[PDB]
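Just need the whole structure built from these sequences, with the hints factored in.
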Amino acid sequence: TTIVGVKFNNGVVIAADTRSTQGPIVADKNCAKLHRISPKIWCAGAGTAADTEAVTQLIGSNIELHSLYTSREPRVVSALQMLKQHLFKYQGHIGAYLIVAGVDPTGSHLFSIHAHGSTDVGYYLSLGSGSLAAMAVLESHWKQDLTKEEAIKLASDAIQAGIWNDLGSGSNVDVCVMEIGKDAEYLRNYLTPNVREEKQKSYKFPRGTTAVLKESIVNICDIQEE
Amino acid sequence: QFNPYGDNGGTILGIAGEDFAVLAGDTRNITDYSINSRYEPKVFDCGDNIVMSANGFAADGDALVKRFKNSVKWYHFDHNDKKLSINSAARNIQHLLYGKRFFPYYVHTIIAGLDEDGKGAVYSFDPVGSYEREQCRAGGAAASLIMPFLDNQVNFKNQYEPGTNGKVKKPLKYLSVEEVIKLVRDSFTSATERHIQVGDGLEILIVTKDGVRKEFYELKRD
Amino acid sequence: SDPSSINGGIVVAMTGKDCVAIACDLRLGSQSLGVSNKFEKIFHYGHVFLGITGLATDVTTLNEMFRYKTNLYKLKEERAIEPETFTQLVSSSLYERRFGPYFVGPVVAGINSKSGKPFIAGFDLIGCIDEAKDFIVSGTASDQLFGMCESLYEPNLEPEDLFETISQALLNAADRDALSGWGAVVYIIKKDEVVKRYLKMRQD
Amino acid sequence: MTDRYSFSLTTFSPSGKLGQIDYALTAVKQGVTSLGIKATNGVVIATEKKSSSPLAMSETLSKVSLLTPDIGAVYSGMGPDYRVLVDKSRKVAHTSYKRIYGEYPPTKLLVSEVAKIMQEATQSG
Amino acid sequence: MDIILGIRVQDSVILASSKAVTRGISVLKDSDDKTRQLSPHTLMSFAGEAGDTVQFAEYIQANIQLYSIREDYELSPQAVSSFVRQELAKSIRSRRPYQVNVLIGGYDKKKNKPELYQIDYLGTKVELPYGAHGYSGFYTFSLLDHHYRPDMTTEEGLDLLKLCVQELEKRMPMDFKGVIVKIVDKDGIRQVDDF
Amino acid sequence: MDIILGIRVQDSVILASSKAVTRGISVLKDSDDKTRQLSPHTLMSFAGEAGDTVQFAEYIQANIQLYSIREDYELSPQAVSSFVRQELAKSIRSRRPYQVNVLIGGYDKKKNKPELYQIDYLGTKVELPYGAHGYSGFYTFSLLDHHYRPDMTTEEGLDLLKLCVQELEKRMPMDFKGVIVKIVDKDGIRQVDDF
Amino acid sequence: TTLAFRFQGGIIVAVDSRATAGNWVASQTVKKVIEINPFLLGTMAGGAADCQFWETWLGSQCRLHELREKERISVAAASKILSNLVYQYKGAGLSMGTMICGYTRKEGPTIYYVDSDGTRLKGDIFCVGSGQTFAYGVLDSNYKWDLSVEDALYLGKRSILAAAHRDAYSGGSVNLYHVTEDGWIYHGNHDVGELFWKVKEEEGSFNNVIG
Amino acid sequence: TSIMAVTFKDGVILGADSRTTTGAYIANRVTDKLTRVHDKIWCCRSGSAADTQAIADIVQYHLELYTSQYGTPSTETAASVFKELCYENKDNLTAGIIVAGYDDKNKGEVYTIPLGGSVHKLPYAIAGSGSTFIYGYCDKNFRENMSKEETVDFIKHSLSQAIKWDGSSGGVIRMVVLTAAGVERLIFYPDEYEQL
Amino acid sequence: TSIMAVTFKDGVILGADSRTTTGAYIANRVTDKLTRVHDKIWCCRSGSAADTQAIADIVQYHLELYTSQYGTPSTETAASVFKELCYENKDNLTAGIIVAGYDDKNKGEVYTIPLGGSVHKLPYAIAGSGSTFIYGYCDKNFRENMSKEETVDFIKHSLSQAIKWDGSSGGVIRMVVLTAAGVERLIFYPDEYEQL
Amino acid sequence: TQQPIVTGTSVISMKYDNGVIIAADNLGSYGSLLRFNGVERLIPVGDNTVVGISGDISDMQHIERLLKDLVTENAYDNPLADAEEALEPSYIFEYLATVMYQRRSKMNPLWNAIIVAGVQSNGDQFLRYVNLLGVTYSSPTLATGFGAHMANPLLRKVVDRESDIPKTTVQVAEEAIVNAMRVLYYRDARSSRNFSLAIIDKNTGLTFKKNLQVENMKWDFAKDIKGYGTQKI
Ligand SMILES: [Mg+2]
Ligand SMILES: [Mg+2]
Ligand SMILES: [Mg+2]
Ligand SMILES: [Mg+2]
Ligand SMILES: [Mg+2]
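Residue numbers (the deposited numbering), protein chains in the order written: chain V, 1 to 226; chain L, 1 to 222; chain W, 1 to 204; chain O, 1 to 125; chain X, 1 to 195; chain J, 1 to 195; chain K, 2 to 212; chain b, 1 to 196; chain N, 1 to 196; chain M, 1 to 233.
Be aware that a few hints might be false.
Claimed, not checked - Derived coverage of chain L by chain W (criterion: at least 3 residues anywhere in the stretch with Cβ under 8 angstroms from a Cβ of chain W; other residues may be distant):
| no. | stretch |
| --- | --- |
| 1 | 139 to 148 |
| 2 | 155 to 162 |
| 3 | 190 to 204 |
As the list claims (entries may be wrong) - If you want a taste of the chain V side facing chain M, the calculated C-beta under 8 angstroms gives, among others:
| no. | residue |
| --- | --- |
| 4 | 77 |
| 5 | 80 |
| 6 | 81 |
| 7 | 111 |
| 8 | 119 |
| 9 | 121 |
Bear in mind the hints are in silico, worked out from the structure with no lab data behind them.
Yeah, the Cβ is synthetic: ideal placement off N, Cα and C, and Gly gets one too.
Right, dumping it as structure tokens:
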């Protein structure tokens with residue numbers, strides 16, 4: 001997994017690769033790792049995948065209830081504070097490692113959070129097995145006062161470094177852009193540098209190839225009338 | 001504590017045809033989640049129309065191949081330039097491997113060539129030297145992804161003649177070198193998609209009575 | 001010792017044109033010992049199909065649990081649960097046992113009765129949803145299944161071509177796994193008919 | 001302390017009336033009028049914002065409330081009782097449905113949960 | 001304890017259970033009956049950890065007898081076996097699990113069929129024509145796979161059983177001191193007292 | 001392996017040894033002879049670790065046969081037992097020790113007496129009227145302590161032995177498949193082929 | 002699963018053909034009978050390499066014996082050369098369970114079970130491997146000294162089939178051999194998949210299995 | 001980690017490096033280890049980042065609630081709340097905290113709370129892995145009642161040496177000055193402090 | 001243990017504390033850790049007392065035999081013999097040795113040989129458990145080409161701080177001065193160095 | 001079997017159109033203590049080869065003495081020692097690889113990772129890696145330790161495959177290498193600012209640069225970073 005977050009002029013961008021693995025095996029070639037805590041607060045997770053999803057949904061749910069209760073749009077510091085207190089309580093047993101990015105009435109924000117419950121602030125971050133490849137790129141090209149276009153470019157280049165150099169990362173680049181005073185734009189499959197080449201041969205079988213003992217119609221309907 | 005072994009990934013595939021043999025392997029070399037090299041050749045021409053690959057721990061693999069090539073050279077010196085037949089090479093490699101029975105070469109070895117009647121031959125070895133002649137053998141990381149495919153598409157296992165519903169097996173037709181290469185490439189393309197240690201390049205060595213030819217193909221690099 | 005490979009077994013699901021298939025072996029063993037050749041690992045709740053591999057006691061327990069929950073769902077909602085909704089229910093139910101989990105690899109297959117879209121999904125033992133379009137695999141021969149499926153699969157197969165593809169994927173995968181085989185079932189699922197076929201295979 | 005009112009405060013009278021429920025309905029009768037109309041392609045709900053004093057900023061008092069993105073509520077009777085029911089209704093839409101099924105509940109089922117909460121206040125201690 | 005076998009023939013279920021009880025170094029008993037009658041047409045044999053086997057079996061028996069009195073009705077073997085399975089599945093995630101394996105042989109008076117259920121300590125349930133627990137299946141299943149027919153008589157079932165016990169007595173290292181055999185059919189439960 | 005017993009009566013030594021050979025899960029053999037003739041009037045039975053038992057016994061036999069040829073003389077049972085003890089004492093501080101326990105039954109033609117020596121794998125030697133190795137003594141010694149007399153006949157010795165083997169067959173958990181019995185007296189060594 | 006038994010007509014040797022690494026079936030076409038020479042057979046169980054390497058080495062020692070002594074080596078002596086060799090390595094981690102099978106003038110048909118912990122046993126029936134208990138059941142209840150060569154071959158084939166069916170780690174195909182005084186005779190490779198259905202129909206066994 | 005706090009004539013100054021490591025990887029090179037628990041009561045954190053952030057947030061909560069009820073808390077009081085958390089949860093925490101604050105009655109004060117949850121009032125304190133290398137330097141160069149500029153130099157020179165020798169310490173040197181005048185943040189970059 | 005060696009204009013000076021401990025017990029409070037391997041080649045020892053005494057005695061033997069055959073050995077040569085012993089026997093030794101010597105061509109030289117048996121030529125070196133606390137101090141206060149008296153003070157002040165903080169270090173401060181003039185032993189007592 | 005005591009971190013290298021570049025910092029760490037600051041870890045062998053070594057420093061000094069003895073021995077009875085029979089990079093590498101694998105096979109490794117950089121007689125670039133296990137491989141870019149994770153990704157953007165080598169100049173290559181050394185200084189806790197760099201060119205020969213420093217460091221943004229989440233002042 002490679003995930004990055006990059007602050008720019010008037011907002012923040014996050015990106016992720018799309019390979020999910022089971023050990024050394026690729027289970028899903030086009031996983032969507034960019035999750036929504038709230039409309040303008042997005043995050044991406046490394047570590048135990050069920051924990052990152054579960055913890056995202058739980059805090060996303062409580063954030064929505066909080067927002068309804070207070071009649072205010074959700075803040076990134078609230079997502080952060082609730083995540084870290086939940087994770088700290090479980091002493092690292094919930095293996096959630098997240099980059100959290102968003103905009104709110106207070107401004108644009110970028111945070112990382114570690115499974116034991118520590119958090120960090122920054123202008124650019126990376127996470128996952130490809131985090132060192134990505135950070136090499138971010139440390140080479142990042143500057144103060146990036147434009148939106150430069151930030152999307154930098155973030156996706158950082159993911160590409162993970163895709164090509166980290167075996168844990170692969171396939172496509174997903175991006176989400178959160179500019180102040182605008183809707184967040186989720187760019188699914190923003191880059192597509194890994195189409196499977198056409199195979200040499202069709203493996204479609206002649207019908208009747210497979211040996212069969214019994215056929216029956218399965219009753220998927222409920223109890224019939226009359 | 002010092003671990004004298006490592007794992008360098010890689011996958012290899014040997015198929016024996018009627019009058020040819022192919023030995024293929026990806027060219028990627030890895031440790032853990034890093035790529036060491038996108039092109040580090042793994043299948044070698046060992047002389048006397050024999051090709052060899054020793055997959056797993058690369059230091060042991062290189063040591064073995066390098067000892068075997070040496071054994072071919074000394075066979076020539078000691079036996080008046082007599083050509084080393086594939087069966088004799090196989091037996092010799094067993095002794096190289098078993099000589100380190102209590103500190104094994106951590107590799108899965110495959111050799112390919114022609115037997116003494118000009119028929120294609122593939123031999124497969126375990127790390128400590130048990131071996132057998134086989135028609136078809138994948139080795140290394142993606143072996144478990146590739147073998148069942150080959151069972152189905154070379155030996156036609158579980159394929160019956162349409163209309164006979166399970167009474168007549170699909171007959172084992174004889175494969176050309178062009179057909180075998182297609183299966184090899186599709187095998188490595190699938191393995192590349194589904195196994196993180198397989199990619200970058202495919203290098204195939206084809207053995208015939210005319211000698212050893214080399215083919216190379218790009219694989220996805222992620 | 002490893003609970004998810006004591007009993008053995010495999011499940012695979014695939015999407016085609018206006019259809020889905022889900023298949024499983026029939027073996028139940030205690031390690032090397034084959035115990036039963038009639039242990040079906042695919043269950044259905046209305047028109048949603050659930051395959052479960054792993055520890056057999058948990059396979060049984062989870063089927064009984066989802067039958068329970070989908071029955072109460074139906075009484076309250078006054079309609080059968082859909083594949084997307086069921087998938088979330090499976091995920092929730094598994095994660096609720098985060099620190100004492102069921103040792104299973106579930107697979108969901110079905111067609112949304114409103115939109116007509118074919119749907120499949122897979123999970124790890126702790127609820128993480130794998131939502132591939134093409135195919136989902138699970139069990140002790142999952143590596144072999146990924147191999148077969150990756151090479152044999154192409155998109156938009158008609159129901160009776162999909163049958164041959166998934167059958168061959170399961171059969172040849174099972175034959176390279178000691179703890180899988182001893183028979184097999186294949187469900188072909190369309191929007192209004194579902195057909196179930198038992199396959200003939202080697203019994204070793 | 002400890003709540004030592006563990007007995008019902010609503011009980012059947014000799015004629016079969018549940019006094020407290022009738023009296024609750026009487027409080028609703030005094031309430032400001034609210035209504036709803038169902039159309040083929042939508043529903044409308046409306047009420048009067050009767051402000052207590054002109055110094056009150058009446059937009060800060062919401063009589064019509066979002067419960068889920070597709071469900072809304074209006075009331076007649078005691079405003080404070082309504083406000084806490086809305087808080088509970090929003091929460092139960094999540095705890096007993098969205099966290100289980102990954103989607104918001106259908107209208108009738110959320111109504112069913114709100115109704116259950118109100119029923120329990122009619123029998124609990 | 002050790003060996004428990006079951007076989008379902010045409011019209012009855014036969015359960016065979018070893019008699020030995022061993023406390024480490026000595027054989028304490030050579031006449032132990034490793035079974036409980038759960039209802040007039042349902043029998044359960046059991047094997048596993050000392051103490052837990054009998055505690056579990058008697059607890060199940062008490063519950064089925066209670067159901068029978070409350071409803072004035074005998075539960076089907078299938079229903080009894082599902083109840084037993086749930087209890088073992090419940091126990092495997094307990095503080096200290098019942099380590100007990102069982103066979104349930106019953107005659108279903110409604111369907112007029114004998115039924116044999118095999119349940120291990122994890123709560124793994126299977127309905128079988130013949131079954132065993134532990135190492136017993138390793139020695140006997142190849143004989144049963146060979147000779148078994150679904151239409152056998154009770155006597156043919158017993159003869160196939162003698163052949164199974166003889167193979168166990170030949171190849172098993174432990175002396176289990178023979179078996180007690182019981183038959184479950186439409187008339188209830190009886191013991192075969194010469195084996 | 002498992003049970004080896006010995007008893008010295010008036011004019012002979014009787015050695016009884018179990019027949020079973022077990023490789024973990026299966027009984028591979030039920031007719032194994034766990035003994036070697038070291039000389040015409042000396043017999044050694046043995047039990048312990050697989051492979052080592054027979055290797056040790058045959059090595060001892062080879063050495064005694066060599067001595068017999070070199071000197072044209074048969075070593076006394078006492079001398080043979082001391083040689084055997086030294087070899088086992090030597091082995092216990094080796095790189096990989098012989099884990100082998102033995103009984104040596106011999107008739108001394110010079111003193112006209114039967115003699116029984118018990119030697120364990122450490123090289124612990126004792127001359128006894130009756131002896132055993134492993135757990136065999138735990139079941140049999142109380143019977144031998146009760147009934148044994150130094151003036152018993154060979155037949156009385158065999159009857160006391162039957163009583164010992166019967167107690168073992170009752171209380172021991174392992175099925176050792178009966179015993180092979182051999183008698184050592186002034187006329188040499190013979191096997192009792194009905195026990 | 003491997004077995005060998007003595008009978009009136011010599012020795013039957015029957016083996017399955019599966020090799021596994023964990024749950025992964027590495028091969029369905031392994032040769033578990035190693036042809037030591039034209040008169041001697043050895044079976045492969047435990048370590049494949051250990052069995053292969055040392056039993057072909059055994060063939061070399063047998064050949065040298067017959068050059069130096071101008072006489073066929075006895076099965077007793079051949080088995081003891083192997084058992085003494087593996088005993089030298091005891092503790093080092095050799096893994097081997099084998100039947101050394103032969104038929105000579107002086108001995109008749111003879112089988113020795115040889116083991117990596119140094120055990121050497123002469124016997125009439127042996128069964129070794131992960132499915133050994135299943136093979137023993139069929140074998141014990143049908144064995145007779147007076148079996149015809151044809152029925153002996155079948156019994157051996159049927160015993161391996163029983164193991165291949167029940168034991169997860171046994172299967173593939175059955176290899177058969179008949180050992181006579183004039184040498185061993187190969188009796189073919191028999192796919193267990195095809196064999197199982199054929200035996201089910203003709204014999205009426207495996208009623209539990211739907212076919 | 002290299003952290004320190006030094007009392008001087010007008011109050012107290014806290015100092016820290018900005019490096020946090022995961023093994024040999026620098027996970028963050030611009031960390032802020034100087035945290036506010038009240039207007040003029042700050043702390044430096046060392047040990048588990050999760051533990052010290054959790055503790056700091058809880059103390060900030062306690063002091064905010066203290067302030068609401070009883071007015072401005074003393075530095076001693078802040079240290080006592082830290083201590084309570086560190087001492088009662090010593091089995092589950094890896095926290096080394098220095099508490100520094102300014103009063104008008106008491107002036108600058110420094111309390112160190114090491115691993116076991118003991119408390120020690122000191123004229124100055126040093127902690128973190130990098131502190132081991134400057135015990136000699138700090139002992140020889142610290143005087144009481146230094147000026148603001150002398151104190152800034154003492155801290156800069158001290159942490160410069162800690163950073164030089166300790167691989168776990170590095171980045172920028174951050175400082176927080178606490179006086180009657182208010183609260184001043186300082187930052188010093190590698191090119192300044194490396195060549196001292 | 002606290003040991004150091006410092007080159008200055010006229011040669012080199014070695015310094016050491018005098019404490020050796022068995023756990024918390026001071027087994028010897030007046031140890032001599034400065035050992036002669038040749039007339040003007042000395043070493044300071046740290047690590048296992050058995051190992052470093054054994055090594056030192058073997059090196060003294062090699063250099064005595066070197067001298068007999070080839071004349072006076074260089075300081076580099078002495079360090080090379082130490083290195084050979086420490087490197088080839090790294091599995092069985094726990095030795096940290098500083099080698100200091102005086103030549104007329106080369107003047108004062110200092111070589112440190114840490115645990116693994118590597119060699120490093122330095123203007124000055126510090127080692128032993130107590131050395132950790134004076135890395136900052138020594139780095140800030142060492143100059144090249146100091147006088148004898150400045151060097152004696154530098155060593156005295158340095159080891160004074162090491163002794164103050166390290167429980168394993170203590171007792172008297174011993175020094176050995178190596179110049180063209182000859183060999184001078186110095187000793188400084190607690191009452192002198194404690195109040196620096 | 002041992003454990004490394006005094007260690008050196010990354011060595012990084014790449015091929016360009018006429019030669020190879022290799023670089024390594026001047027630090028010798030003692031665990032987390034940055035003990036020794038003037039350690040040279042690039043050792044030139046003759047005028048056509050540079051061997052860069054990471055890992056255990058005592059073992060590096062031993063390898064250093066083996067290479068220096070190689071040159072001595074090759075010149076014995078060799079009138080063409082400074083011409084056709086001089087040491088090639090390929091000879092020096094194979095010798096080291098032989099020693100490394102032998103040592104691991106005696107369960108007594110030289111605890112190092114080694115990159116041999118040079119130019120062969122025929123002008124061909126030589127770049128190959130060997131480590132404590134005896135594992136060897138070649139690539140247009142090579143790096144050890146941390147460098148493998150952070151430098152390779154950057155260097156591979158310049159030279160991604162064999163065909164990129166003729167297109168890459170010594171100036172683009174050197175600048176990529178120097179940038180990678182800056183990134184490692186930012187992100188590796190066992191790195192130092194000071195480093196050595198060596199260029200072996202088939203025309204200009206061996207250039208060996210000592211006492212280079214990482215420069216143009218971006219730290220300014222640090223001033224705006226406050227707290228770890230909610231904090232303000
Ligand atoms: Mg990748
Ligand atoms: Mg099988
Ligand atoms: Mg004794
Ligand atoms: Mg021999
Ligand atoms: Mg002291």
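For a quick check of understanding: which of the numbered hints are violated here, in increasing order? none
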